[PDB]
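I have a structure here, written as structure tokens, and I will follow up with some questions on it.
For this view, one protein chain was removed and the others were kept in their places.
Per-chain numbering from 1; labels A, B, C, D and E assigned in written order.
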Amino acid sequence: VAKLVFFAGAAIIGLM
Amino acid sequence: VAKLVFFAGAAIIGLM
Amino acid sequence: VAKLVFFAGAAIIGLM
Amino acid sequence: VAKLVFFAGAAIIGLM
Amino acid sequence: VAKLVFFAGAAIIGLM
Partner (left out) sequence: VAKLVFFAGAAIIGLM
């Protein structure tokens, strides 16, 4: 998103 | 998987 | 915290 | 531990 | 940066 963002809320989803 | 494993190969998928 | 947040400041503490 | 290792199994604990 | 921040944009660079 820059940074690597770890979305949570289950697998963690890392996206730039 | 314990540890948090970041699968890659695209979003990164973090799973225990 | 959502996202996985890596608190630092020593071990890193990852919390949602 | 080198690498940053994310221990899981609850907070994740990142240690070298 | 506190937290461990993963700078992206290539290697990811993790800095406090």
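By our rule, a residue touches a chain if its C-beta (ideal position, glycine included) is under 8 Å from a C-beta of that chain, and two chains touch if they have at least 3 such contacts.
Taking every chain of the complex into account, the chain not shown here touches B, D, E. The chain not shown here touches chain B at positions 5-9, 12.
For chain E, the residues in touch with the chain missing from this view are 4, 6, 11-15. Where chain D meets the omitted chain, the residues involved are 2-4, 16.
Rule of thumb we're sticking to: only the chains that are shown with their structure count from here on.
Annotation: omitting chain B yields no split, and the remaining chains form one piece by touching.
For C-D, the matching interface among the pairs B-D, A-B or A-C, defined by over half of the contact pairs being the same residue numbers, is A-B.
A straight line joining the Cα centres of chain A and chain E is 13 Å long.
Touching two or more other chains at once are residues 4 of chain E.
Interchain contacts give a graph that is no line, ring or star and is not complete, per the touch definition above.
Working note: touching chain pairs come out as A-B, A-C, A-E, B-D, C-D, C-E.
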